[PDB]
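Only one chain is included here, represented as structure tokens and corresponding to the form deposited in one PDB entry.
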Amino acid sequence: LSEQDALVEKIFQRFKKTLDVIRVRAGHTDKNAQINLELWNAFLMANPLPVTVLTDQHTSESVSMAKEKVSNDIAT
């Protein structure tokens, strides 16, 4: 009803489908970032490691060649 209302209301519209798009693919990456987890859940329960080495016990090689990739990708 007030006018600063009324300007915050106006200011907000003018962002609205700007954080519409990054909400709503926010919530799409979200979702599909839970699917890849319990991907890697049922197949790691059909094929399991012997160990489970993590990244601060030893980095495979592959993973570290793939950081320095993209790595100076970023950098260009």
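Residue numbers count along the first chain shown, from 1. In this text, rigid core is short for the largest set of C-alphas that superpose within 1.5 Å between two forms. What changes on going to the form deposited in another entry:
Core-based superposition between these two forms shows that, of 62, 13, 57, 52, only 13 has its Cα displaced by 2 Å or more.
Could you switch over to the form deposited in another entry, since the one displayed so far is the form deposited in one PDB entry?
Here you get just the chain by itself.
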């Protein structure tokens, strides 16, 4: 290799595989998040809601308690 390309390669090898791992993991969870939305769709088509209440209208107390618990977990 040229001197400069040898330097570039030495820099990159310190984290090339780390970025590869992150990319692959992000693809897995992207895929899982898509599957999760399909399952909500099928479940809610089979068990429809009379009204769909989103958090900008009213936040369920259960959602609020879960958010507070996790917020405190992350602080701890």
